[PDB]
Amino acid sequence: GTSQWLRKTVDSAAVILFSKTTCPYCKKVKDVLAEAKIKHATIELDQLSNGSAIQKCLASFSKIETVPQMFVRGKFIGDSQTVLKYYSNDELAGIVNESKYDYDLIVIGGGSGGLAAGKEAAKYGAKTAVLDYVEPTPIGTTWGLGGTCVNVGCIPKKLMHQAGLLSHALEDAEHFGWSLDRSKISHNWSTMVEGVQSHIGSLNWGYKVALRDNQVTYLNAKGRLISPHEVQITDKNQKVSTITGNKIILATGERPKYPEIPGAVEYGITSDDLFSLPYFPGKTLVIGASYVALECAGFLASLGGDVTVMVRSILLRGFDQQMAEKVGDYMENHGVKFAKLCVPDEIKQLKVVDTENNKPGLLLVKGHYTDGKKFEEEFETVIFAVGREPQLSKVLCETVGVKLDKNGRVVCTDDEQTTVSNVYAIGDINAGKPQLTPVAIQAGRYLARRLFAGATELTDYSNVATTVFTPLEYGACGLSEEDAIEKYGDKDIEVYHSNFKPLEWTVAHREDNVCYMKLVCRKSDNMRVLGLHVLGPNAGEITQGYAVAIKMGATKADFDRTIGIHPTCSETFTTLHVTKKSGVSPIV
């Protein structure tokens, strides 16, 4: 056990020092490497459980059992006297820089996971390159460094959500005594987009600064893995070349799908285009029913838009369907129109986008309802939100041997390793994993530490909490009620639930019984909490802390013995008592 860990650690680390905190010979070597600007990992043996056993295993590489011992890319370099000899003789810089490869690590993809992995690897002395290229959308939209979340995802969508939430803050202000008249106030799309894009631009620049300050080589080029250690790159001038690397991390993400119907690619847009659109969309149709579809329809309606959503079957497939129906009912009562049980057949152009006067075009959408009736209506903008997919045929030569599943995602071990031993995959392209930004970041950072600092901790992908940022937000952690019932049986499941009303909604005359929460519990396991669900304001802030308790195995008794904070929405979880089986009403 200990011998196999040490072997893997030594073969993989770029530069690593084995040390003890109390040793002045170790401190002497540490200070030399700091002066020479040589970054490295450090393993303090006096702070590990079996440090004595490791110290004896080191002799199988160095034939000494003392400390310090310095290694570079699998090779024992020397003890204190030897390292100072290389330093005194101006031979140290050359020894720590010799490698079979151009880089210790090449990351293909500069998004949530890839930037996290590359920066963390560099901190331990791995010579690292990060490659990023943004293929333009069909209408030509492109953006800077940082990935989907930063540029066309979590960041701009939550900022536009906040712009929509402020519409209701303006209405509430009158009831709390402020003198404004909400009915005389309007919204300016282009002013909002300019502020959002200025923030995104500051993130693009901050990531380039961060890579420079960690000595990471940033290449704005398209990468393609042609053999296990060779990456072909093509730059903005179509100059083609090859770089080599010891370890490879694939982190290229996904892009939006289009349906295979006439006019979709030519005349519609996706979320990739929405967040920098230079004109207000006008009367809008959203095709789809994912969290992306509902989040976008929701803020467009709150900004004052005329918005319709076309739903093939159900809302939020894969989420708790009682919660999903309450989400949609709120949206329908607050100005979002729905075309239910309906699909599109073709998009026809009636007017071209007026790019000079900054106005949308006009489109005729034809489709049909599931019974057989026809749909036909005119819209200024049509947004497709019908799923996302990777396109690893762009990234990955089939001769390399990296196995993909039937959806085109990478099949990985529980430590992110592919079927090719030096190649790993993280983020949205790792098959079977939750497709979320904090998951990609944790996977990338934890992987970098295992490769270059001898860490052993794995990423835990179970019970990862989520929040859907619809007009009324929906947070969740764990199983839906229907998945719990299918797994364990109805007689082994107890559900505690309640409506609630935020105190802030009282003076503002908002609804009494629309916010809702529940705990789905397993009777035969001490009433273990299998899933937590909340519909209400600030749902992400409410849910996050409970994710720690669920990770730890919280029971209903743990929620009961914990005391609430008053007045809050979250405290309602500490006093739940009405069960679904009792038939008693959950209203306030």
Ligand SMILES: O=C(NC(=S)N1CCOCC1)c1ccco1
Given for the second form:
2 protein chains.
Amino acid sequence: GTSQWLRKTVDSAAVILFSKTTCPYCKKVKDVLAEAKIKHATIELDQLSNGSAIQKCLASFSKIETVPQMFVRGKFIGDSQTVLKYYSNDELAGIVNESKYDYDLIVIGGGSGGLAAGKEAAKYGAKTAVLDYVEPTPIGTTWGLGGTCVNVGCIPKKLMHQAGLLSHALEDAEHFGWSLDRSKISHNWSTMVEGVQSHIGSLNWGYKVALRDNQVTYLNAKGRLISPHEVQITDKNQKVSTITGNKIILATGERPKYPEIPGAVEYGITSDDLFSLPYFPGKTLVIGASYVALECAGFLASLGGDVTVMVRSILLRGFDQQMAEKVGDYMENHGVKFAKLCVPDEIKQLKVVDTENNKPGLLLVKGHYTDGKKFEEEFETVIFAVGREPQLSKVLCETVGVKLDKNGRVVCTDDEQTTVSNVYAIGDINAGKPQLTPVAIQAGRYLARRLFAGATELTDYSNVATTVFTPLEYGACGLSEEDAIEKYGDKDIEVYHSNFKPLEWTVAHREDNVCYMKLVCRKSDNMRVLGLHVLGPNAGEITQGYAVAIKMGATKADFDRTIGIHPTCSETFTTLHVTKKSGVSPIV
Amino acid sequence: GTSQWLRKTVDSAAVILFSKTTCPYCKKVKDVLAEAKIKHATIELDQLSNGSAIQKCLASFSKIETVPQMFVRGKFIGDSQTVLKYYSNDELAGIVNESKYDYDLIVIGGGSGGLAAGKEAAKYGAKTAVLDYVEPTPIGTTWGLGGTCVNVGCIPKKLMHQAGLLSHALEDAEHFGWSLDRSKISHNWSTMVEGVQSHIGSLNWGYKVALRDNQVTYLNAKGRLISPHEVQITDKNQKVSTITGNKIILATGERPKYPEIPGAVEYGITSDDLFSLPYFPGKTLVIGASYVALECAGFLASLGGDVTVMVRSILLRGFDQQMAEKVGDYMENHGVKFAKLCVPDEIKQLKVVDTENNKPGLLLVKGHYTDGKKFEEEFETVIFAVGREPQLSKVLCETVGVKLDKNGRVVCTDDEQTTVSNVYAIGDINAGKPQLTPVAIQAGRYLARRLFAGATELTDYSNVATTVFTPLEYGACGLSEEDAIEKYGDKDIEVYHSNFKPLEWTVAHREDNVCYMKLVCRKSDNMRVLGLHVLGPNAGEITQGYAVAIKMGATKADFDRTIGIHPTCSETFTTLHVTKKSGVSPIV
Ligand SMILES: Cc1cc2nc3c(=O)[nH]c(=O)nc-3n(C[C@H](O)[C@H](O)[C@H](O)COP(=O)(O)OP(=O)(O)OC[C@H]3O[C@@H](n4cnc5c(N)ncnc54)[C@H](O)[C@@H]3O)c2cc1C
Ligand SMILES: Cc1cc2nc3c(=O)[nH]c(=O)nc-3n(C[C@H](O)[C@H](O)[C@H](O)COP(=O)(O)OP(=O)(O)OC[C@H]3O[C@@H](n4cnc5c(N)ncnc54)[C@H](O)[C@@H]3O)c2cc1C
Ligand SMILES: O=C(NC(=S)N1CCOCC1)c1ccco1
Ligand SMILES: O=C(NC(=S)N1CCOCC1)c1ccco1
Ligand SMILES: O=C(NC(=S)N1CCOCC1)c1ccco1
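What about the form solved in complex with the ligand, after the form deposited without the ligand?
Then the entire complex follows, led off by the chain already shown.
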């Protein structure tokens, strides 16, 4: 075990020092590398279990069993006296900077995973480049550094969700004694977009400052992997060149799909365009039923829009369908219209967008319902949210040999390695993994540590918690009820559930029995919690802490013995007792 | 072992059936019992792993070894043939109601713990009485069934906190694009109090309905334990009488203290008076620094009041003091004034309360600082929040033999038993236990199950999480940092921490580095999490789920391997890395 690890670590690290904590000679070398501003990894052997087995194996590289020992890109450099010789003769800088490649690491893609990987690698002395380019949308929309979440995803969508939530805060304030009249207050779309975009701009700037402060080279250029170690780059003037790298991380993400129907690309938009749109959408049709579709429809309706959602089959395919139906029912009762069992056939243009006066155009949507009946209605804006896909044919020469699956995503090992040994993939393009920003960040940071600091920890992709930020939010961790029943059988599954009412909703005269939670449990395994589900306000804050308990294998008895915090929504999980099998009502 | 449990279970259960799940003669008895509306406990011997031994020890009571066996108040009643004989001869009803005492259980006190205990006991056939009486405050305030939390505690205080939080929602709404002008909106105290009190009234009514529906006798009378089984009751007409009970549960709670200074009782008020006050307090002095003091000062200032807090020594004594200082700093930066190191000497009346025009009076407060300098200022209302105390000399004759500690609270075993074998105590009067509503509820329900249904589960009072609902909320679970260091020594303690900014605060232009969290860990026990602390919005929702993980022994590694939910405040707990010993700044 120890030998294949130490070999892999020395071969991969850019600059690494084997040390001990009590070591005064080691202190001498650390102080020299610090003064020289040479970054490096450090492996303190006195804090590792097999530290003695390792110390003796280092001599197969250096012929000494003593500490400190410093290596650079696989080569032993010397002990304390020797390193000070190089430092004294001004030979050290040339030694630590000698490499077969331009960079130790090239990251293709500057989003959630790629920026995290690149910054973490540079901390251990890896010479790193991050490449980012944003292909414009069909109407020409583009944006800065940071990826999908930062510019056209989690960040602007939750800010517009908060704008919508504040509509009910205004309604509630009257009941709690404040003197405003909600009916006389309106919303200004362009004022919201300006504030959201100013925040996004601060994040674009922050990432560029962060890369420079970590000595990471940022290239605003499109990358193409043409051989295992060669990346062809095309810059903003279409100047083409080639850079070389030891390790490669692919982190290029996905973009929205369009349906293959007339007028879709020409006259519709996607979430890529929505978050910087310079006019209010007006009367809007959202086509699709993913979490993107429902999140966007929800805040547009709370901001005063006339909103319709067109649903081919079900809502939130892949999520617990009891919960998905509750999500949709709340939306329908609070101002969102649904066109059910329906698809589009054609989008026709009736008026062009008025870019001078900041007004939408007008469109005619023709479609049909699943029995055969026809759909025909006019909308000012049509938004497609029908899935996302990678486009690695742009990024990856087939001759390189990186295997993809039938969806176009990269087939990886459990340590993110592709079928080419020095090439790795992280984030949304890694086949079979949850497509979420904190997953991409953890994968990128953990991989960087394995490549350049001798770490062994892997990313754990199981039981990753989620939240859908619909008008009433939905948090989940673990299996849906139907997946648990399929895996283990109905007689081995027990479900505890309850409605609840937030205390904040009492004086505000909101609904008694719409919020809801359940625990899906396995009888034959000590009533283990397989899945947790909650529909209610602040659902992401509620859910997050329980994800640690589920990671540790919580049972129903662990929830029972823990005491609630009063008054909160979350405490209802600590006293659940009504089972679905019992048939007793869950109402409050 | 087994036989001590069986004798205790048979002796104290009111009506109990020993059974097996596959037992047609057991089903025959079950069907007769609740056709006759006879409530009872049931123990299914095949569900227990020593049921074979239990079934044999039953013969020491009944001289038979089969199931079913039915018992009433310690007496074997019969097997299947015998119970059916009593039924068809119309003898069963009188048998199940034979008792040495008027009640199987008398609960003294109708609050959080007492209502929970009484309702649970009745489920198993215990004939139960709940006594509740509310001694009026010095100015005459009184209220209905449900205890301190429902009427003058958690429920109205969090509703008034919400009214305060909505002030910032009105401010934020402009930045998110809404057309209102916060500076032209004012608050109406009396409108808010009316809505709060209408909800409280619905809870008073709901508890009376619940007790009637469970066949619990509710007496609105003051109780006094005059011997181990006799309770003297005084009703609202001063009619005095005596009732007897087998088991007694003391659940009488606490009331606010007043300082022994001139004018305090005559001219000041407490939290008992605040939540139904018919006029706005106006310019207010809060004397004290408990969570009650700071929560009340905080919402009064958010509702537009001129508020000062007079602090004898420190804020939130007994809570982590770094967190307490940050709580106070936020309040002082957001409109609360503090008179530090200061105590009151006298309250003098300048104007009587105007009960016609519905206006406060006016008071002169004289006090002094610890260095001897004088304090003198005028206020419309003075609120005392200087602790709470029981008054069991009003409930408990000294000759009964129930032992009290130096603070007047009841000394109990770990199963709530007092020094008198049939008398138990729960809730705030149980010495040494956290004084919280969910603790009192769990203790009451678990005790009723042990008395009348043969349960063995004890209440676990360790690592109970808390939240202080100040203008910026403070949630906690486990040890303070200073208690951890005192117990294990500084070299064995590692603290990870970070500032954070809620995404909702970005477009609203709120503060960058005020919200804060830390994990207090033990190095020599695998970095076990000894305490968790968070200052931020929705802190109670954030904290609750982590209480389950801490109950199961979470380590720092467990937090690290769990993935965050983005974008949330809570996710910052999943990526903490800055230690206090590194000296690295926690700002973000
Ligand atoms: C509307 C929406 C809302 C979302 N909300 C949430 C949410 O609330 N929570 C959550 O956890 N996740 C959310 N997500 C998902 C989250 O955005 C993604 O999981 C995450 O951004 C994926 O990170 P990544 O590093 O894999 O790719 P990305 O963040 O997409 O970054 C890849 C980058 O590489 C660039 N690139 C592509 N090809 C090349 C090339 N050849 N050369 C150079 N650069 C290239 C791309 O333009 C992009 O900038 C949301 C997604 C969407 C669309
Ligand atoms: C301002 C304030 C805010 C609080 N906020 C919170 C919070 O957010 N969260 C939380 O968990 N806890 C909170 N608490 C604490 C919570 O109120 C108590 O822990 C809880 O009410 C204790 O329940 P109990 O059954 O022990 O007593 P109580 O609820 O006080 O009930 C005792 C009852 O018995 C009655 N009684 C007394 N003597 C007799 C007698 N001789 N005969 C008959 N009846 C009698 C009393 O009048 C009262 O109705 C708060 C307390 C205060 C004061
Ligand atoms: O047969 C197809 N399904 C159809 S039309 N519908 C299902 C959804 O509800 C409306 C009708 C099909 C083939 C290509 C696209 O659709
Ligand atoms: O995906 C790959 N899996 C394999 S076989 N391994 C990693 C290297 O050796 C140990 C196992 C891979 C390796 C080289 C190119 O692709
Ligand atoms: O021992 C206590 N209670 C009583 S009366 N018993 C328990 C043990 O079994 C015999 C009866 C007690 C209560 C508070 C401190 O000690």
